[PDB]
Amino acid sequence: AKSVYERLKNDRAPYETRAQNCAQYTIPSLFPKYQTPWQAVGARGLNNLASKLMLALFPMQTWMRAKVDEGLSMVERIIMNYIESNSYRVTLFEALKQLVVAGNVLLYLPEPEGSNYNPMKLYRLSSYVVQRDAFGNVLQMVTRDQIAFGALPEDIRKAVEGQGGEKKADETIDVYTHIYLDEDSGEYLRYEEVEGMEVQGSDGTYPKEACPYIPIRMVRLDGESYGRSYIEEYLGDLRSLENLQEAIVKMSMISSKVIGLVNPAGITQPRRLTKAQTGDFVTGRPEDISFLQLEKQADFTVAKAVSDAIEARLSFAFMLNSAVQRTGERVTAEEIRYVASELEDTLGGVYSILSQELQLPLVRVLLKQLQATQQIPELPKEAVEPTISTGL
Amino acid sequence: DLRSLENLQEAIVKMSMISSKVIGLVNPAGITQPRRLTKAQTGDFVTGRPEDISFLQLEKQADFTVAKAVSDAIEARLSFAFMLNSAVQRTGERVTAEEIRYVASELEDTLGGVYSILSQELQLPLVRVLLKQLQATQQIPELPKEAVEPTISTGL
Amino acid sequence: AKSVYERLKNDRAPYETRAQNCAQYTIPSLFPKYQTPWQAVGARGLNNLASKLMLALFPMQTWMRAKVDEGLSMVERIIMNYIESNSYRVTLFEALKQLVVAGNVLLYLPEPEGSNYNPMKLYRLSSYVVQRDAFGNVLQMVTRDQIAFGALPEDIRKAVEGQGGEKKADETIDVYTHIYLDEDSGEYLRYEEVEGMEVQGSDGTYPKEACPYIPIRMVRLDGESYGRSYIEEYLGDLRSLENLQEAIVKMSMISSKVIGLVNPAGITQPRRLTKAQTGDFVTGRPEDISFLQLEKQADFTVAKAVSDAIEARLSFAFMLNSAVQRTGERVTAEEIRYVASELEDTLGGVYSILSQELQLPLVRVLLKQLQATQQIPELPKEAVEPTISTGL
Numbered sequence: 013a014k015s016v017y018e019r020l021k022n023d024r025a026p027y028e029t030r031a032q033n034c035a036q037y038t039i040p041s042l043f044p045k054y055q056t057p058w059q060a061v062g063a064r065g066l067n068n069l070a071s072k073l074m075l076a077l078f079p080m081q082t083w084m085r104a105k106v107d108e109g110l111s112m113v114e115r116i117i118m119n120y121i122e123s124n125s126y127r128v129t130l131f132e133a134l135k136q137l138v139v140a141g142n143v144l145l146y147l148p149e150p151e152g153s154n155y156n157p158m159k160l161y162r163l164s165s166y167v168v169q170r171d172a173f174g175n176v177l178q179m180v181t182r183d184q185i186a187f188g189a190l191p192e193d194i195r196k197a198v199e200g201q202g203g204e205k206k207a208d209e210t211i212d213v214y215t216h217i218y219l220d221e222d223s224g225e226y227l228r229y230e231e232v233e234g235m236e237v238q239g240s241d242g243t244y245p246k247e248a249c250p251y252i253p254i255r256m257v258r259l260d261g262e263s264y265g266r267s268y269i270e271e272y273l274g275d276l277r278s279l280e281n282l283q284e285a286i287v288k289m290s291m292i293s294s295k296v297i298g299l300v301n302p303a304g305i306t307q308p309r310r311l312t313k314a315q316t317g318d319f320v321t322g323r324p325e326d327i328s329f330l331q332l333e334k335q336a337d338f339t340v341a342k343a344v345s346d347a348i349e350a351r352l353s354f355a356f357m358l359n360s361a362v363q364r365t366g367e368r369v370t371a372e373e374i375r376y377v378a379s380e381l382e383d384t385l386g387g388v389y390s391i392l393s394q395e396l397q398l399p400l401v402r403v404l405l406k407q408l409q410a411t412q413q414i415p416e417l418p419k420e421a422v423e424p425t426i427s428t429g430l
Numbered sequence: 275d276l277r278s279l280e281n282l283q284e285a286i287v288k289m290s291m292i293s294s295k296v297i298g299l300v301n302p303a304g305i306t307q308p309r310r311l312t313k314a315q316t317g318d319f320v321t322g323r324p325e326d327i328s329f330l331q332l333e334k335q336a337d338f339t340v341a342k343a344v345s346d347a348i349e350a351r352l353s354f355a356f357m358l359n360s361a362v363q364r365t366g367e368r369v370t371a372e373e374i375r376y377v378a379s380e381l382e383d384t385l386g387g388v389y390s391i392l393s394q395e396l397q398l399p400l401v402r403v404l405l406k407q408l409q410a411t412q413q414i415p416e417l418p419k420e421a422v423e424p425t426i427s428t429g430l
Numbered sequence: 013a014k015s016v017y018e019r020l021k022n023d024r025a026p027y028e029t030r031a032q033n034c035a036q037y038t039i040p041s042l043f044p045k054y055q056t057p058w059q060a061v062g063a064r065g066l067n068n069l070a071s072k073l074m075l076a077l078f079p080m081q082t083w084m085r104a105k106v107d108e109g110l111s112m113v114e115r116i117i118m119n120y121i122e123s124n125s126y127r128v129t130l131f132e133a134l135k136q137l138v139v140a141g142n143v144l145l146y147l148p149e150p151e152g153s154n155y156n157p158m159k160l161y162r163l164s165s166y167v168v169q170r171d172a173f174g175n176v177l178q179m180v181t182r183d184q185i186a187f188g189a190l191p192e193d194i195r196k197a198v199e200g201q202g203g204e205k206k207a208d209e210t211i212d213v214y215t216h217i218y219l220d221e222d223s224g225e226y227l228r229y230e231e232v233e234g235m236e237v238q239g240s241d242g243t244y245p246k247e248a249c250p251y252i253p254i255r256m257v258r259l260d261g262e263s264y265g266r267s268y269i270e271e272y273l274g275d276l277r278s279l280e281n282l283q284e285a286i287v288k289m290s291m292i293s294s295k296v297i298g299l300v301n302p303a304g305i306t307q308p309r310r311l312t313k314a315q316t317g318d319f320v321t322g323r324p325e326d327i328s329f330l331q332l333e334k335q336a337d338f339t340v341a342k343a344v345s346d347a348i349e350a351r352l353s354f355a356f357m358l359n360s361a362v363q364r365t366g367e368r369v370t371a372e373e374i375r376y377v378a379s380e381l382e383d384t385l386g387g388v389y390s391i392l393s394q395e396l397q398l399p400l401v402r403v404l405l406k407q408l409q410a411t412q413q414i415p416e417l418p419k420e421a422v423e424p425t426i427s428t429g430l
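Protein chains in written order, with UniProt numbering: chain A, 13 to 45, 54 to 85, 104 to 430; chain B, 275 to 430; chain C, 13 to 45, 54 to 85, 104 to 430.
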């Protein structure tokens, strides 16, 4: 399915350069095309956004939910035990950090295969494409990866590399992965594709609810698959801050220095002026030696005032500069509603959309995938596939 | 009023960026060269008359202040125009109990009858089409016969 | 395995010069390529970061965790007894200090061999390389060391130096150490390599969980093995502070001095001016003697204002300038959650990532390695290899 990616590459390339061009002025290297941001109020605002939203969506407390509901309690308390011991909060911080930059981070959550260390493989927008319908559901997802020499298992790599050729011992070849909705059936089919062909013995199917690959957006906009971010609407105000304060500091460094101008047709030499203990009296007219004195004290103040205006408005733009209850008591008890309502009132419906596009499908794929090799006995028959209540 | 704010602050920032830079003008008929001026550790003494090198100094500090004052006026009036800048009870307690009437009355007193019109053009027909459409394949048994199609009371 | 290091040297050299170039403006000599930093707000911010994070990750209190759980209590209270009497907090301060400069500090924790003094040998990024996969696990680690003459034990050194040659009595030869994941097996194999060959009788194996060599990062970034730091995104703002305040002080020292200029074609001599008790009247016109008076009082103020701006923003950047509860009462009781939440809200997910990449593998390798020569009887059979619950 290399041709599908190369065809609808044009369907993602407007979203690509927006994401990359809006990444540059707020974090160095979450998107390539060192080299530091010149001044970085956006870099702190972004991390504060992530640090608030991590406590907002799901804290350490119970977030996911007469004689029968004890079996409801165990199946929804075992998932929080599985969610920490596999280190989910390590990579979901990266996910949400990508979410408030680009717009569409994927979250691969592969099969357990025991009780080992299974990491949430993340993907960024320079690797995958999604097609959506008029109503707003997924149709097909085409992820790409580069693979090194020995990082792939050698189970398959004999036949796909037996076509001919002596290659370098770190040859980076691209591999693809496609999931698509069937024509007649409502199940999704998944497979990998290497070297421009199907793989030996890897094709699989998945039920209706729980896709193995969860796409996400942060602001919903119909008509197309992906979505925007609100740093895409503070982009120009941040761009003006960077292109202002670079000029501010590079003006300050020129103003600080002292290039003393001495007259050439005078009597004084600078060679005697260079050697000077304090107190001695060296010859020379007091007219010749002067200094640069470029004389912009008030002209700096307009730049510092406009910078203060941008600095103060970006402060309320990115949830920063807020006296809060970070002075907690050993746990976070009622904190998530305060921070959640404040980020709702400052950012848009991000606490609303991430409760039905992040809190929902992670719980669905982790109540499907974890129960494949079933590690907890479900006692009742009435609510074997119960509701999924997120957020509250 | 918003259009004037955009077409003002674009000029404000693009004035600030020109004022921040330093295009030092050196005289051409002088003795000083800029090539020696470019290389300068702090403290060394390089030749040259102190008349030739000057800077732009476009000199509008007070003329910026009228633009910043008119921007402050628009910024302060748009603040009350769009319900922003209001100390509220967003410091809630785990739920919203009595909050909806306070916010509703404040947006009524600031925006017009939007809380009135959206209680009879949004809260009403969504409830009507969701008490018709959901009961087509009926998922809850209606017990009484007296109020099978009852009233629709919205807002309050 | 000298050739493996010399091959993927290119895989680390972008991370090398970033770490070394970002070390220079914040601490003198945690990385070579005396010579003091010119002005050093970063040097204090870095040590305050370490001093907060040391109480954050693990204090003196119990951090690691009906009739059966007493045996859980002893095995997790003996490890805190072993963690102080071998002086771990001495070298882990160096480790975390390397962590918020470079990005990848290794923590060797060799075998006990009794109950002697066994030090956590630290490694820095100029000595070792790690390869990672697409999911994010380790594959191979190649550490380097230089060794002096008699510092190595002489158990082996006869055969490796019997190749021929009369060498200097402090000849620094490099030695290497490789650990790698097997092709078929899931155990790691470890060995040393001296002089470009295998060593006599030293090759060993290790179980699945507890690697003897624990790599670490501070901000997670997929696609490559190592990682960045947030001083890599305050680098330019700190660099401007150093290159500003060097000019500030070297302007102040020139402005303080007094090189009095006397006219040469006048009547006054400076030789009579040099000798002067207060009160006497010495001859001379009051036109000839003047002073330099370079006259930049307002031009200094723009440099001091821009320095104040950088100084105030770096203050909140490095957790400094925070009124806290360092006025404690004999112990730290509830303190670790306050400091932990504040550094979470200021630095990123460092308290999250170091609870699953520092607090986890140290506990795993110290519940594997300490129980080799087993010093505490495990009573129950149900939780002999129990869970590892970190952070909380």
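Take the hints with a grain of salt, since some may be wrong.
Said to hold, decoys possible - Here are a few chain A residues that face chain C, going by a calculated C-beta distance under 7 angstroms:
#	residue
1	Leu160
2	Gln169
3	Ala172
4	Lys313
5	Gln331
6	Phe338
7	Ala361
8	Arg364
9	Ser427
Think of the hints as simulated: they come from the structure by calculation, not from any bench. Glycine is no exception: its CB is placed at the ideal position from the N, C-alpha and C atoms.
Here's how the hints hold up against the structure:
1. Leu160: holds (6 angstroms)
2. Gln169: violated (24 angstroms)
3. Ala172: With Cβ-Cβ at 34 angstroms, over 7 angstroms, it is violated.
4. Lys313: violated (10 angstroms)
5. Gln331: Holds. Min distance 6 angstroms.
6. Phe338: holds (5 angstroms)
7. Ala361: At about 12 angstroms, which exceeds the 7 angstroms cut-off, the nearest Cβ of chain C leaves the hint on A/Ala361 violated.
8. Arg364: holds (5 angstroms)
9. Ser427: violated (25 angstroms)
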